[PDB]
Structure formats: structure tokens, C-alpha cells
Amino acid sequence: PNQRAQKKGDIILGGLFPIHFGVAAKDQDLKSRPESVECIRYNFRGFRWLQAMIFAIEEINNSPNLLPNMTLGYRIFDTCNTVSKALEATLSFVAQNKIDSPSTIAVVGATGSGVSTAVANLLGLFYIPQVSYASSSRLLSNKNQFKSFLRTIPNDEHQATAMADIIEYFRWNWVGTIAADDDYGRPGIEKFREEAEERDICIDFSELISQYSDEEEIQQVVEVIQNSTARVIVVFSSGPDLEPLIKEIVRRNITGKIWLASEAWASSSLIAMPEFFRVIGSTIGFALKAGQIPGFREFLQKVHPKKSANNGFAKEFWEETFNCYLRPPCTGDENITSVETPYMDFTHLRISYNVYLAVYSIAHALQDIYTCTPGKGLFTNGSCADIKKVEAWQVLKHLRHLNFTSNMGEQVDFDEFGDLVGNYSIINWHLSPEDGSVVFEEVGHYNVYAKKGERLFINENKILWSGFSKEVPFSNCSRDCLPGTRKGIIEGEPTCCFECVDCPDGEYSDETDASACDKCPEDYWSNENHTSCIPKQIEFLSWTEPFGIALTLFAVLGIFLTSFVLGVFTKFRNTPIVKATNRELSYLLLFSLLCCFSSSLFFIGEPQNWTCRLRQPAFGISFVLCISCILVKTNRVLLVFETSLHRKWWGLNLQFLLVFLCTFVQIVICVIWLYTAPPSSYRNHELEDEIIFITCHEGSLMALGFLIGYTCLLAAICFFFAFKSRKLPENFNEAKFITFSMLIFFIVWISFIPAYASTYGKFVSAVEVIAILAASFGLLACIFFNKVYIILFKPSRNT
């Protein structure tokens, strides 16, 4: 090639820099002989990088210690960011070696993963160390194929993990990817997709672009972008590979998304245009750790076409800066500090420092060769190498074992994969208030040495979402489902995109975004929101509640009246005037009425086994013995008509036999109940589904049937015998009184039937207990009030 930066010396290096951005887009129709294509657009950043390399080389040549007597020369070429020019230059590099089947010993060539691979395939064939400064693809680590490649820029797996970490930190799960179609974008987005699907993050679309894409492919890509709902768009590409898509996006006014820039185009001047920043607001990109090169800007300001004989690119540089010709003609007096261009309009050195570091590392390897001591070398017999006759593979061997200190005082040392690691800065795009150009204000940091999970660190106070608002935009497929509801599948959409369905009654969902409703335990139940389990609010006939205290009051006043009549009897015990009747029978009847009044107590509280298991036979025996005694408190016609009949001769104790017979019969059934089917004191849910009710299911139905039959037949026979003799003046015609009492007993039975048979849980027990209480109360009152009245009022009883 003609245009190049050439300088002689004892040792020659090679450089490859993208001075231009691309080649002249034209189709070689092949109707005539094809010739060398000329590049089109200028790139001042590449010229700054070239100046950095030249500065490093000359500064090394000025230092007296590093390489004391030797001198470093160079043959730097231009690649125009394509492969053809790079391979032309590379063939111009290995010419002396090519004649095997000006020998350069090292090449610093970079800025394209594709270009870097294309060069390293050829340089590694002659074992020429190539130290790239910007090639960051993960494919260049396959040291089984790129034998002689080392890069002073970190790899690009950490960057994919960092983008995944950023997406996870802002709590997003619905994104979309876009990648240039070269060796830089594809592996990057593959690694990112892997790490994303690991972290449970869904990806909507995935398109590829390139600077040679025709309007139809870009149209399709813009349609895919527009016809989607994800707001986060991760981009892995370089400036020139993204310019057309961005042109289309800004011409179509797509102004909603959030761009996650990769390292290549995060700081590119092709994309950071004030026109573009309208529709591409809120970008968050990565950047390398800045560096310091003392006196570099002063060297930059010295460039001049006439005073540059080694450098040959200063001519076109001046022609491009001042826009002149060597239409208007140039003069060698212009002021480079006047015009504005990415040449001097920088604040931090990020890639230029990489070039400086690469040149200094190669120089340090050379110096290490210079200061070898025999017997301690790295070659066959621990031998050293002749620096005056140094070869490329020796420099490579020494570079693999290089370990020195940088200018900032950091330990530069290449990993066994030939690459040094480094932290990341995280940049947000801002609009400058005074000028109006884009400005990269650093808002985050990414440490690579720290353990997993604790690497990313962002400072959200500075981030400007769309420049207007101040809150993280929402970019999930579907809004979360608050507690009370649960997730639900959509048939085709990915897992990160669902709908919400309500928990059916009886189940609850406390946490948000739950996969399935939970059924409260039987003790508990759904709330009104189906959010919280509330207790089943169990219920039964309580004690302190008005009904319970009132029934207990009635019972105890019954006991009080009974004890009252007992006291009256005891005070006048020795008076058979009214006690001409069997005083023992009065004893028994009064105590039996006490027991009957007490029996009610067994139907109050919560039903355990004890409670009902004894509450049925309690009333049973009590009322049957009461009715038997009041039956015997009558005429003995059948007894007079009838061992047993021998005992029916004299002695009142025979009457007792009667009761001590019939109750015996009764207790038989009861003891049957004891060991045949005791009433199950158990709970019930089926009746209410909301509140448990505790009852007792009598296991022996026919047994209680027989019991009730026995007591009612006793009642029938006693009532009939009473009525048949209801009009006999036997001491105030007591027969009419006993008819009255047993009649009201029958009324109690009848009017009790409908009550319990047509009421809810607690009130059934309440009505049963009030029925038994009223029955026994009425019977006792009717039997004893006449006698107590006549005794307390008129003690004239003779016949």
C-alpha cells in the first residue's frame, strides 16, 4: 500500500488501525478488470490511536534504560475496518518470512474481531506475536488455533454476565436482543442469552443486522421492534454496523424503548448524535477503565503535514479537518485547536491507553530478552537468546511469561489465554446543557474480582429515564398478580407472560405471584378476599351467653324451691296429719325431682363423650323413676289383686320393689348403650361449610326408641289409671292434680317435638333443655303447691 506510517530502526513493529470507517459501497460488476477499492469516511478516533502508538514508540526510543542502545521502528498501515485491506497489510508484513515457503517481530492489530481473526490466522502461521488492543470476541481465546494472539482488553463473557446482572437489577424479565452479524455480536449475544435464560429472563425477539443490510431487512427488523411490547433492547454491535438501523429507527420515530448499549457503540460518535438522541433516549452502556498517559495531548497538538515525514496520514488528516486541498487550497498555518473533532474532543483515554500498554508490553518483553543471564533462560538448556539476532517466536515465548508494572503502578501480566482482565464502568447518556451534544456521565461500576452476585453496583440517583420521568419503566410481559389471585397459563406465550385467575372460595393465596392457590386447614377458611385464613368460628351452646345463664338460673331456682319444700318437710317431719301418706315415698319422690331438675345440667356445654354419653341415660333414669314413684303414689288395685305375691302380704317395702323393678328394666337398656353403641360426640362441617357444630350422634337409634316408648307407656298407663279415678275425695282429690301434671307433661312432649325438629344447632339443645326443665318444674309445682299452701296457711287437717 502507498499511504502508511513508516520509520526505520533496529527493530520493526506493525500496526493496523481503522483510519477510515469503510470501503466505497459499489458492486464490482466484473465487466472490466477490478482494481483496489478506496475507503470513504474518515475516523479521527483511529488516528488518535495511531498517534498513541507512535507516541509510545518514540517515548521508548527516548528512554535510556528501556532498550538502551537499540531503536524501535514501525510500519503502520490502515485497514479501513475491512478484511481485504488488513490482509494486504499482513501479506506486506510476512514478506521476508513468506520467502521461506525488514522482518517485523510483532504486530499490534485490532478493532475488529473478524479482522483480528483474519490476521491472526496468518500471523500465527509464522509465530509472530500479535497484541490486539480492542478485539474482544470470546473466540480469540481458543489458543489451540490462534497460537500467537494476546489482547490488552478484557474478554466479553464478563460483559454479557454484566448486562444480565443489569437487567436483573432493575427487575425486568421481558427484553429483546439485537446483534451485528460478525465475530463480535453473535458470541456475545449467545453468552448473554445463556446467562439470561439461567436467571429466568424471557427474550421476545432476536434479530441480526449488518452495515450491508438492504432496506428490506432493516424494514423487517424495525417492524419486529415496533410490533413488540418489550422496552429493553440489548444491542451487541459496533457503530458502522448499527448506523443504518438507527437511521431507520429515527426516521420512523420509534420513541419508547430503553437501549442497553454494548461496549463498542456505547461511546461511538456515529450514534451519539443530538438528532438521534431524540428517539434513542435512556441508553445504558459499558466502558473500559480509563488510563493516564502524561504528555500525550501535548504530543497530539504537534501534528502537522509538512513536519511529518515518517507519518503519512497527516495529509488526509489535515484535508479532512479543515476541509481544504493540498476545494480551497490549504496553508501550513491553521490552528488545530480551533475546529472540533473526536481527535482532541476527549476526556478519558480508554482505547488509546490500551495501545500504549500494548506497545510498552512488547518493549518490556524485548527488554527482558536484553537482560537475560545464561543458564537461567527459558530455552533448551536454560539458555538465553541473542537480542541482536532476535526472532519472533522468542519474543512470543517471552510475552507468554511477561509480568511487569504499568505506569499507574498496576501489575500487567497476561493470563494463560493471553488476555488481562479489567473492571467495567457503566455509562448513561446525558444531554449537555450548554452545547447540546451527548455526554457520557458515569453512573455505575462493575467489579470482576468480587464473587458472583456482589459485582454490579449502580447509582440510580443520576440515571435519567427518558430524561423526563424519574422511575424505572415497567417492561414485563404481564403485570404481577397481587395476593388473592394466582398465575394462569397462556397456551403459546413464554413462561414469563401469564394471566391471573381468582382463588375459588375455601382457598387462600397470601404471597404475590403464586403458582397455585392454597386450601386453608379445616380449622380455618378463606377470607372475603381469599387472602387470609380465618378460624372456622366454631359454635355451640355457650355458658356466659344470656341463654345459658338464664337456663342455669331457672335450674338453680328450681333446686332452691325443692330444698325449700324439703326444709318444710324436715321441720314438720313427725306430723303424719298430712304425712299420713308414705313418708318414705315422699322422700323418694322429692329426691327424684331433685335428680330430674339436675338432669338438665347435662345439655349445656361442649359435647364430649362424658356429656352426652351420660346425658341421655341421665334424663332417662331420672324421669322414668320419677314417673314410677308418682305412679306408685296412687291406689294399688293390681297389687291387691296379685314369693313375689307372697311378699305382697304386709310391709310397705313391697311398693319399693315396683320401682326397684321397673327402673332396673330401664337401666338394662342403658347398660346396653354402655357397651353397644355409645353416642359419638363428634363435629359437623357438612351442615354449614363455614362453622363447625359439635353434637352427639346416638349410635343406638332403636334403643332410644325403646326407651322413649317405655317412658311414654308408663305415662299412658298412669294417666289412664288416674283419670278412671279422678273424682274421689282422697285428701283434696289428688287424682285430678296428678292428671293435671301428667297432662302438662304430655303437652311438653308434643310441643317439644316440632321445636327441635325444626331449628338450627344450638337452639335444638336449648329447646330440649328448656322442655325438660319446664316439664319437671310443672309436675313438681302441681304436685306440691297445694300441700305447701294449705300447710303454711290453714293448719286444720283432720280428714
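Under this definition, the rigid core comprises the largest set of C-alpha atoms superposing within 1.5 Å between the forms. Residue numbers count along the first chain shown, from 1. First, how it differs from the form deposited in another entry.
- In the core-aligned comparison between these two forms, the C-alpha of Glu584 is the only one from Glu584, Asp435, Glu275, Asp214 that shifts by 2 Å or more.
- Once both forms are fitted on their rigid core, the CA atom of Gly22 lies less than 2 Å apart between these two forms.
- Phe55 shows a C-alpha shift below 2 Å between these two forms [criterion: core-superposed Cα displacement of 2 Å].
- After superposing the rigid core, the Cα of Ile11 is displaced by less than 2 Å between these two forms.
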Second form
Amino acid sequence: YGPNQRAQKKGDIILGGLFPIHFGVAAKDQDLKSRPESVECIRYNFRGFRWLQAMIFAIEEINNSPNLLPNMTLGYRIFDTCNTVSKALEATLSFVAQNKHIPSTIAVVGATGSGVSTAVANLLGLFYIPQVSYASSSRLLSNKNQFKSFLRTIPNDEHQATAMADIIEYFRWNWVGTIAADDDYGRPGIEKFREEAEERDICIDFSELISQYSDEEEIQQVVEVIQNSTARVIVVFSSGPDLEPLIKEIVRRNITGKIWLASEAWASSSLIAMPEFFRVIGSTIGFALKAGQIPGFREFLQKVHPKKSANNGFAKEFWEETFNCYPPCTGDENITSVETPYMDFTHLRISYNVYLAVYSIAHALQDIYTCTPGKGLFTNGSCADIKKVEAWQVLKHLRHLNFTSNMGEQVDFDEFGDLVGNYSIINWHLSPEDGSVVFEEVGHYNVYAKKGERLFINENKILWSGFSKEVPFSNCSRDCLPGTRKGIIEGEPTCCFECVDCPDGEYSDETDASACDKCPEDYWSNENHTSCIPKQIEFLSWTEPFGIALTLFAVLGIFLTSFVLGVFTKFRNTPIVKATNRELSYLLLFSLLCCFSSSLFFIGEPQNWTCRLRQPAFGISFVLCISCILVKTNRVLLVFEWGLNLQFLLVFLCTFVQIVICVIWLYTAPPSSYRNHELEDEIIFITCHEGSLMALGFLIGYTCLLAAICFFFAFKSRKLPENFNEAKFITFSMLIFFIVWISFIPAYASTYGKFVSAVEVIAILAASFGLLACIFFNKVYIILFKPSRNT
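With the form deposited in one PDB entry done, generate the form deposited in another entry in the same format.
Just the single chain follows, nothing else.
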């Protein structure tokens, strides 16, 4: 006969009912020293009584409506579960009694716990009795090979975990921790969330299991792992009662920084949503089912009375727990005078599910009632009769039930027995009028939209941590700027890293970089390694300051030479001084002008033209000059041997020799004007590799031997003072030439491109200048100052 505290009402058809009027049982572990007696449940739950009242109201409204099942009445045998499996199981045993004078229940609306409903459906489905639950939302109840006769008016919990992952990815967090009740409601949900979050590149720090029967040390361990971690977001998948101990311990230890992502079961629970817990838990964003509309329901709630309820048996205990009677009292108080979750509501969510379940079973019964004897759902097109209806026929009609909810909706269960709905997203607020926690809706989750466009959050209503209004930071490691790269911290997950600076020559312009990048050769990483500033190029320039000095020196040399040439041109036909060789004079002067001009080739970038011309350019020009001044010496060879052609002919041997060398590189290995940087790695010199070294040596040596013979012959006879004994002058000249080159070799041996070229040009320009000077200074002086030209 089941328990004695129950709600009961007769009728042709009887429906079952399991509601959590209490919260749990008295935890007195029977040591079995005596016969174990029936355990007792302890706490009270006004929400559960609201649900039971909703079911009773639905049945009464069905019995009152004249169209749905006329000339037939609905009865019920509603029991209490106290949220435990033992009570539900004894109740269901009282249900299926007559199967194998007692009424035979045809349908069961209840089992609000996914652990409770599992154990109930295991037993009901053995007799094929339809069980229409309203609040059990575990996914395991979708295995229609196990629970053959289980339907539910509440959506499955897959979309809830998906929505949790979507919310976490929307605020751009990647470091969270998960808590789930060690039950059939938290385990599968947390596993689904784990996979959905790992596929979205989200890292999970810790994962713990709790329960209302967990001892104190395990709660200590959980609080420790919560405190010892850096994750700010905590995804809780549990119900009110199985969460209350952890909340009490967290309030006692005063952990304040975290953010709670509430699941639907406890996001609106009065056990948790109280101010003293609110000050500590801070910000909670949770889900909620869609509201309902049961017109005329409040006026039914306001009529509950202990004496006017013979059918209802829990009304007495309700009166007691709400007024503390039997301190005996009157029984004529007002339910509106005290504030309890009973009528302190604005949106009916689970009560609407109970209403809908009762109405769906009534509609299946009507469907069986309005049959046509030819188009039935059973074998041979036959159909069943409502006077001897059995449970399996009602199950058959429920599987194919498809009707219209008074809100103008379509109600029809899937092939997995469940419905589907679109969640509201609420965020906990503190009412400035009362102090109580009030749930304000801030977002929506439509599950029909395509994957990726389902969530809609209105961020300006979310109140963060009570005061501030910017999204808190809950990443593992700080995201560091461009110029740096991620660096593995071994042991830690893929979301936690250090970041190391990029070396020079590599850059990174992106945030969250995986590696730095080498830029092309003529580019180089800048001072912040964020962008390769185009590199600089090494060579002498014309606007260059020291290049300016050099070029002005060259111009002055040419000016002096040409002006002296013109001054001669005054006396150019007064052989008074031209007792020397006129043509040799002009030739030497022009050779010097051109050698000077050669410096044109050392002030800018070398194209093959520039380099391979300039170098041999000096060669020929200076060699001409030297040979000319040399032949300027006494005619000893002429004395030893058809016009003076000889003199010209003489020079026009030596010259060719070196012109010879030029042509060789013209077709063997001409110098290469190319870019070189390997010795600087930051700036690219533009140098000119010698075409054939030893052949340059040969050239220079030939020239120096010509100069050396000139030197020897000018000195050895340097003491024959003819017209101021220019032997000595030219000797001193050739020696200056020697010394300059000598001393300047080192620099050429120990320097890069730029100053190498600069020193080379200085050397040449100045040496030729000195030659010209040493040869003319005296003569010009005398023929400008002492016009004593008779001998």
C-alpha cells in the first residue's frame, strides 16, 4: 500500500506522481544492532509542493473541461520522494502492484532526479508503463534500448553543455575549472562539456566531484584545489542540495575571486541564492528554461487549507512547516502573510513542465478515445477501447502524440522521447529593495540556429563582481605583445606558456606568435623586432661630407694644372723657357690633368663600368705621366744611337705593356662590382672584387719599376745642375710617391669597403698633385718672378 503520507483521489483512470516534497533523509547510519526501520526525510521544499499543486490543478482542470475525455474522470495517487531512491522505489512498487481491488495506475508523472528517474524507469519499463518526467534531463535517459517507456517534457542536457562552451568562448576565456555532482546528472554533462571545450581550444585546470554525503575532508580537498589554482571561471554542473555543503565551506573559508557558471539545476535554487552566500560567490551567470503561462494558477495556490484537503495529505505538513503549528495554532491564517518560495515566484518553469506532462497524457487518452475503427494504430488497423485501456497502448499513442499547447505551440516528442526548448540566460543580481537575490535575464540561447550563431548575450546588463563593468581576466598566461614568441613550459598544458624575445635579425608583428621570422637579405629587424626596416647601403656618396672634401680637392688639382697650362700658353711660343721639349711638356701636363680627373670614379656606387674603368684608368693615366717626365731626362740613349720620333716611340713602348695587362682582364677575369655584407651583417657594402690579383701586382710592379729607374737615373746624375738640376727635384718626387704608397698599404690591408676606397683616392690624388708641384713650383716661380732667361 506504499507510504501513508500521500495524495489520493479516485477515478476511472489513475495517474502516478513523484515529487520532492522534502530535500533528503536523516543521516543516521544504521549500525544494524537492531532491526532497521523506515528512514525519515528532514528538510522541507515549498517548490516541490508548488509543483504538486500544479499537477493537481492540471488534473482538476482536465476533469472540468467537457471536451477532453467526457463522461470520464481522472484520479491520482501522488507520493513523495524526499530526493532519495528508496522512497521512489517503494512508491513505484506500490504502483506496479496489481500487474503481477487495487487501482491500476496507467501513467507516472514525476521522478525529478536523473538518478531517481533512472532507477524508477528501470522498474516501470519492465511493465511498459509510460513515465513522463518533467525535470530529469540526463542524456543517459535517451537510450531507448534501456528505458523503453520514458518520455520527458524538459530538454536534454547536451545543448546546455554546448551553451556553456559557447559562453566561455564568447567572453574569450581559456582557463576554467569544472565541478560536478557525483551523480547521473553531473557526470555525463561534465563529460560532454569537457569534449566540447577541448574542441574549442579551452584548457581545463581542475575537475572534482561532490555530493551531499561527502565527508568533511573531501570538501577540504576540493576547497584546497580550488584555492591553489589560478582559474577564475568555475563551471558547476550540479543541483542545489548536492552543492550546499561546498558553498557553506567556501563561505566559511571566504573565497571571493571566482566566477560561477551555474547549470540549470541550481541557477535558481533557494538553497544557494541567499545573500550571505551571494556576498562570497559574487558573479553567477546561469541558464534557465523558458517561462510558461498557466492562467488562473495563483488563485488555486492561495486556497490550500489543512482541513479543506482530504485528497491532499501533504497540506497538513505544509501548514506546519509554514506556520509552526500543532506551538499549536488556529488553522485560519493567511498564506500570503509569510514569504516562502511557494508563491514568491514570477516565472513558472518546472511547474509548466508538470502541467504540460499531465495535459499530454490526457491528450493521449483523448486520442485513444476519439478513434475510428478503421484507422487505428494497432494491428490490422484495429484500435483500442478506453473502457479497458492498458498502459502499453497509452505508450503507443504517446510515441505518436502531436498536439497544440494552449500557448499556441506544437508539442510532440522525438524518437528519443524528449522535447526541445530555447534557454534563457540569467545573471544573479542583488535587489536594492530587499537584499534578496533576484534573477535578471540578460541573454538567450536559441538552439534551432545553425552552429555558431545560437548564443545572444546582452553584455551591458551583466554586473561583474558586484561593482565593476569590464570582463574579468581568466586566461592562464598573459598574452604578450609582438616582438616576442610563445615558449613551452613543459608539464603545463598548451594554454600556459612563457614568451621569449626574438633575436636580432628576426621579427614578429603579430600577437600570439608561434615563431619569429627572418626578413630578406637587404632587410633587417628593427630595434623592437616588429618590422624589418629596409637595410642601409655602404659606399661613398657625392653629397657625402668627406666625399665633398675629396671632390673639391680633385677640382682644385685640375684648376691649378689647367691654369698653369694657360699661363704657359702666354709664353707658349717664347722658347726662352721652351728650350725643353714643347710637345713633351704639353703631353705631361695633359696626362696629369687626366690622372687627376680619374678621381671622378670614387664617389658613388660601382657599376661594372665605373670600377673596371676607374682602376685601369689610373693605371694608364699615371703611367703615361711617369713615362713622359722620365723621358724628360738627358739623352744618353739618344747619344748612343730621321727626326726625334724616337722620343715619342720610346714612351710608346712602355705604355702598351700595361695596356696589355688591361686587355687580359678584358677577357680573362675583369673585376666584379658586387655587394658584400658577410663582414657586417647589418649594412651591405657595395665593393669591387679584384678581377685577377697577381696581374694587378704585375701592373703595379711594372709601373713602380719604371718609376724606380727614373729615380735611380735622376739621383746618380742628380748632381748635374742643368737648368736647376731637376734630377734632384724628380728624385724627391718619385720618393714621395714611394713613401705615400708604402705608408698607405696598411689601411688597404686592414679596412672595409668605404674608407678603403676613400684612402685609395686620397693617396692617388695627393701623390699626383705633389708630382706636378715638385716639377713646376720652381720654374713657374722663376718665370713669374725672375724673368732671367738668357742662359
